[PDB]
Amino acid sequence: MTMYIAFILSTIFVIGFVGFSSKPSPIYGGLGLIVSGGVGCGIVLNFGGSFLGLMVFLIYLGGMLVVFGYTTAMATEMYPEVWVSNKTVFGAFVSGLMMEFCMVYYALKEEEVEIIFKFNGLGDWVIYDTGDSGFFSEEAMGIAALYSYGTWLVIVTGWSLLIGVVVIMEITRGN
Amino acid sequence: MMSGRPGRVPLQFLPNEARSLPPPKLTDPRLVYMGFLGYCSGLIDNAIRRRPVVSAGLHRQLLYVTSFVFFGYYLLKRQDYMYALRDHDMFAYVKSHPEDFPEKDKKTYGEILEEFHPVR
Amino acid sequence: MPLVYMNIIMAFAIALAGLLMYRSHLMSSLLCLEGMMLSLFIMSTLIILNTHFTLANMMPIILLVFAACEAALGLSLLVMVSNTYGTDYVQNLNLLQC
Amino acid sequence: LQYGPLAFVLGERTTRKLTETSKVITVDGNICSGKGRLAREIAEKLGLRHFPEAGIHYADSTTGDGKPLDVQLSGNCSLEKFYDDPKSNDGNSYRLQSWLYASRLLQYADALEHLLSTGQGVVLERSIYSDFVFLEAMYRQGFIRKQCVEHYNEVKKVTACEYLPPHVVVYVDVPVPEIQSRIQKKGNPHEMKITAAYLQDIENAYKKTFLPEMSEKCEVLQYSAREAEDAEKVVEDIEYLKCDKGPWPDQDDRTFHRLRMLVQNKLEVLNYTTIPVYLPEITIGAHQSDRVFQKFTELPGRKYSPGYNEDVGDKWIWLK
Amino acid sequence: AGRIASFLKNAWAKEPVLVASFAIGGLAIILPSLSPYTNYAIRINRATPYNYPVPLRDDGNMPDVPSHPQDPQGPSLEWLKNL
Amino acid sequence: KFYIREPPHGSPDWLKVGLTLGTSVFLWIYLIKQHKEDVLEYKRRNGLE
Amino acid sequence: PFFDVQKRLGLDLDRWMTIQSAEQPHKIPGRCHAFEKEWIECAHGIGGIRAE
Amino acid sequence: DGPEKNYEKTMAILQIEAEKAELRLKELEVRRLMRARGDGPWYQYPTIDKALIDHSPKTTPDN
Amino acid sequence: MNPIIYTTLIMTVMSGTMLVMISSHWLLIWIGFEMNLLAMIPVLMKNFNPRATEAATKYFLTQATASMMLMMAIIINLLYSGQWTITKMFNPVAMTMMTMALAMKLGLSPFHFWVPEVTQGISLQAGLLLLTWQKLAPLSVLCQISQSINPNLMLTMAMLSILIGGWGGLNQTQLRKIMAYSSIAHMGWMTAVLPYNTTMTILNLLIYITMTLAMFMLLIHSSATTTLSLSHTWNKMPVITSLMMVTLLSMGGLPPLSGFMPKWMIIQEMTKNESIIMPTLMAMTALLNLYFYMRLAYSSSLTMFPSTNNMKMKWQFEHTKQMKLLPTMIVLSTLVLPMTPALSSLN
Ligand SMILES: CCCCCCCCCCCCCCCCCC(=O)OC[C@H](COP(=O)(O)OCCN)OC(=O)CCCCCCCCCCCCCCCCC
Ligand SMILES: Nc1nc2c(ncn2[C@@H]2O[C@H](COP(=O)(O)OP(=O)(O)OP(=O)(O)O)[C@@H](O)[C@H]2O)c(=O)[nH]1
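Chains as they are written, first to last, in our numbering: chain F, 144 to 318; chain V, 28 to 147; chain L, 4 to 101; chain X, 50 to 369; chain W, 118 to 200; chain Y, 14 to 62; chain G, -9 to 42; chain Z, 643 to 705; chain R, -13 to 333.
Here chain F stands alone, though its shape is the one from the complex:
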């Protein structure tokens, strides 16, 4: 739907999110969230976070899960899981479709969905503003300020990563 395109983007984000959170095989679970990872990028891309959308592809989508799928390769269960192997995973999946299709329909209704928070599930296109960005890109300028305004943020991130590499080797060598 053109008007609510991000809503379709958002809905696809959760159905894949439910699928892999339903504890399927790690390879299958990888598929469930990478499509969720890709579709979530479109949501950020549609809002204007060009770098943030493209960057989650490179370190999370093409990053995180490649070494993650690497780990499931050496796990190599003799009985790899398929969605039909257990009925619990199907029960979660048909559930994940159930309440999702439930309250989006209730969202399609008078629009007073009030689970936990108060939500007005109107068309997502309304929330934007009418202010131009001139020449500077708002997202690009913000991240570029890491080296001018992010003085403490960069130091702890750099320090922790150096701690990160030493701790990884310290706990994998096995004394």
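One or more of the hints may lead you astray.
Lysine to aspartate or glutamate pairs mimicking EDC-like chemistry, simulated, CA-CA at most 16 Å apart [stated by the list, open to error]:
{"#": "1", "chain 1": "X", "residue 1": "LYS66", "chain 2": "X", "residue 2": "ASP302"}
{"#": "2", "chain 1": "R", "residue 1": "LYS258", "chain 2": "Z", "residue 2": "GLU669"}
{"#": "3", "chain 1": "X", "residue 1": "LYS352", "chain 2": "X", "residue 2": "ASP114"}
{"#": "4", "chain 1": "V", "residue 1": "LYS104", "chain 2": "Y", "residue 2": "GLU54"}
{"#": "5", "chain 1": "Z", "residue 1": "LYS700", "chain 2": "F", "residue 2": "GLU281"}
{"#": "6", "chain 1": "X", "residue 1": "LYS94", "chain 2": "X", "residue 2": "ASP286"}
{"#": "7", "chain 1": "G", "residue 1": "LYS17", "chain 2": "F", "residue 2": "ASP275"}
{"#": "8", "chain 1": "X", "residue 1": "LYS66", "chain 2": "X", "residue 2": "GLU162"}
{"#": "9", "chain 1": "Z", "residue 1": "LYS692", "chain 2": "G", "residue 2": "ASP2"}
{"#": "10", "chain 1": "Z", "residue 1": "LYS700", "chain 2": "F", "residue 2": "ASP275"}
Some chain R residues near chain Z, calculated using beta-carbon distances under 7 Å [claimed, not checked]:
{"#": "11", "residue": "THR71"}
{"#": "12", "residue": "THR73"}
{"#": "13", "residue": "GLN133"}
Going by beta-carbon spacing under 7 Å, a handful of chain Z positions derived as facing chain G [as the list claims (entries may be wrong)]:
{"#": "14", "residue": "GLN686"}
{"#": "15", "residue": "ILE690"}
{"#": "16", "residue": "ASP696"}
{"#": "17", "residue": "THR701"}
Simulated from the structure, these hints should not be mistaken for laboratory data.
Don't be surprised by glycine CBs; every beta carbon is placed ideally from N, CA and C.
Model the placement of chains V, L, X, W, Y, G, Z and R with the ligands on the given structure of chain F, informed by the hints.
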């Protein structure tokens, strides 16, 4: 409670106006207790290390007593400061809200009834 | 509160349930453990981009970055479990019974 | 200071000190099979610090004057008692072995500390890995019981795991009729009372289990007593080898810091030797333990920590 | 002297990439301190007008601010025009 | 001497102990000093003495 | 915070991006800069209790 | 010693504690009244300072 | 592991915990939390035994879940406020969502399940860090946002902690486990007064640290892990178990032994806030803590237990560990009660 008062520069163990109070005397009973605790640390240290506790080195115990006496005196000033601060701003407040604390009139016990309850 | 925000909010809620409601294989939780921060990362970008909080574009990257060290910490502990029991199955993850 | 973190930080390694003459030699054999003399011969030929065979008062000959203490005050067991009475009720049999195993274990720690602080090899008789052959043999004829074995090997696994196996083992092969005829030549009245059954059990336990169980940890240098006499023969092929087996020819300064942490802490090497397993032959009730410990207290030197005894003559107590 | 020159000699003899890599980072960190052009770089990086040069209320007592882009007073960047 | 080996504390470690008195004498002299002007300052801050 | 070390030393550690009306790269305004400025100026040295 | 010693010393003892007793009750009720309102020195929970806002003109005319 | 990295791995744990209390930004609050977690795991894995790996997995899974849950306490806060400043929470849903996040990092309500198991798996030295230093950081955040905290939600977490913490210790024989359960019970005490007056929470934290330090190095000096192993310690070192008895009673809270000071102040503070049922049940169930407390004292020094022949070996050798700050910790944790009015210093 304190934390957040006006003029409360943080990480300060003794603000400047705290010095306008009578400093504790070196023979303060609270202070001599600090010295007593330090001495008891010296006995434990020798007992822990299996040494003749009573006179197992007069250097280790001397540092124990002096260090506790030192840290006590500075703690005492901050102790004395905050309690003085706690009562001080109260008096400013008690004169800042006269209507909240009205003086109840005084009537001697020649008027107030106490419905004496006999005991049997 | 706009629908897109609701969709991500529930996305974590199932992820929180998915990690908490556990299964035999410990891998799947680790996917869901960092999956839950992906929704955190995704929605975080949404508010900052919506609100034109230029400086707060700091958070979306660094939020994921330390979430990576945790995932990096995650499977690194996992291989030790696999090197001691054979599978990361969590029903055998009970050596500390006593 | 010792290998305590500061010394390791300032660059003090241990592989720097290690040389080709850095090995653990277990010159074992049979009961009085002449291995004691061979221990000295090997030690003096390649310049290794020799350790006399661990006994009951070995730990007594480590602290203070390095002199034997009262048997009641140290050990409470008597090998002569076991030699005279085979199956008594006082429990000298098992208690002798467990105290022996601890004394050998302390000897192992002293050996490693010397090697890890000098880089020079060490030779030991009847290493703590051997010890189990005696105890199981004592069980064969009934000196100890089934429930006795459970305490000993429980101490064995919790203690001997971290200590690295030796590099060289010399099994001086002496056959049973020779030993059963030589024990008359010794003449010490306690060791005449040795049963051929107890002897027969110790050798077969040795060849069948002592050599093979740690063969994969270091090579087996079998040497007949005839080979033991010719010390010139045994000194060639100890050098003719590398001892790639076991984990010793893999360790680095990373593990050596851990190893010298434990051996330096003499209390730590044997902290696990006192496992709260309440075996009747070693469990000492409070009343006897209190009185004995009180007897240990007012002994010279032992009253305070070392260097803090005014009775011995340690001046400057009021300052040190 | 002897050890340092010999250490560099075998380092380039056996680990030429390591010497090249360590050298390149060696320069890359120090010349900017002594670089005279970096002061030009910051000036041009600031002389790039992104937002509008918003006006100011001309009520007198500010003579330096020009009343026109083609006025003499004000920041002239002809140095960059020649840089 | 009873002990076969010199124990790590079985000797007066002159440098260490001399530091310990050095710590204390500096500590007390600071303490008696600090109480002096702190009292003196309090005397004049409120106008007492 | 618990120990406001930044206030004592004066060094800006995290105050730069703590709110959306602070200094911004190339003076990019937030969506609610006017409201945040009005609110933040209303509650200065007033205390969280009564400023609510 | 004389009963005057005990009489006047108790006389001072009772005055000291009564002054203490009055302040203890006064401190409790002020603290309650102070926490609810907060228009005074203590119990002032932190708020963001004015200094950290940007008064310089932005790119968008209004802001 | 190698001491130099072992030094800096622990050293960052202070740095991460330091950052939690010295940063006014919500992001940096999480920043120090997970730098702290990143360097905590290897210290757990220092021994490298299957139990040590077992303990690390439970701790990481618990701590990682809470911190990611902590972000969305921040995220909704940002979603409804636009403020990253560490002050009054503006969203009730985020506020509870935050409290469960921090409570799990502290382990008071049934989030506490990892506290005994994780403690037992790791070594005694690592147990010291886990129950003493990696507890200030969650309490640091709670102290700042205490005014806003939901009274019913926080107090409910507190009682369930001490109630379970009291009951759990009555059946554990391992010294580490009973140590952990008593730590849970104390943690309920501090967080109970937390909404009322944070100064008493800090005083409880400062006091509670003293015994937990003092008890741990005493056990490390004793090199004992189980009650029977503690029983033998009287023979070799009758003095050490004697001081352990004194500090053990101080942890129980019997006057004049300092340790009753926090409990005394908590009862008085809650009473001033008209809450009088809260302290009574809180104090009454503190007796549950005292039972297995005295039970340890019964087997430690009060009645000499049977020893073993090999213990004769240990008398000959002297201790090599340095146990720094032990004598001061014992003394400061048993007799500081007359210096109670030093509470104003913490204000
Ligand atoms: C609040 C209520 C009370 C709370 C605390 C209660 C504590 C005791 C409770 C019971 C404890 C369990 C049961 C008994 C356990 C005994 C433990 C023990 O080790 O006992 C035997 C041991 C033998 O003594 P030893 O260790 O050799 O030391 C001798 C002195 N160097 O004995 C010892 O180790 C004890 C050594 C004690 C040394 C005391 C030295 C005192 C010195 C005082 C100097 C005073 C100077 C005064 C100056 C005045 C003018 C300024
Ligand atoms: N129970 C027990 N006794 C042991 C052990 N190792 C050595 N012994 C005893 O140590 C004593 C001395 O060993 P012997 O072989 O008899 O004599 P020796 O003088 O050492 O002679 P060599 O063996 O030739 O060096 C004997 O009583 C042995 O039984 C052991 O592991 N257990």
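Tested hints:
no. : hint                   : verdict
1   : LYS66(X) to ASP302(X)  : holds, 11 Å
2   : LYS258(R) to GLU669(Z) : holds, 11 Å
3   : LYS352(X) to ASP114(X) : holds, 14 Å
4   : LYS104(V) to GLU54(Y)  : holds, 14 Å
5   : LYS700(Z) to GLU281(F) : holds, 13 Å
6   : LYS94(X) to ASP286(X)  : holds, 13 Å
7   : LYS17(G) to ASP275(F)  : holds, 14 Å
8   : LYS66(X) to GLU162(X)  : holds, 13 Å
9   : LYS692(Z) to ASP2(G)   : holds, 15 Å
10  : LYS700(Z) to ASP275(F) : holds, 13 Å
11  : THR71                  : holds, 6 Å
12  : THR73                  : holds, 6 Å
13  : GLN133                 : holds, 5 Å
14  : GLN686                 : holds, 4 Å
15  : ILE690                 : holds, 6 Å
16  : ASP696                 : holds, 5 Å
17  : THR701                 : holds, 6 Å
Against the hints set out earlier in the document, no violation occurs for any number.
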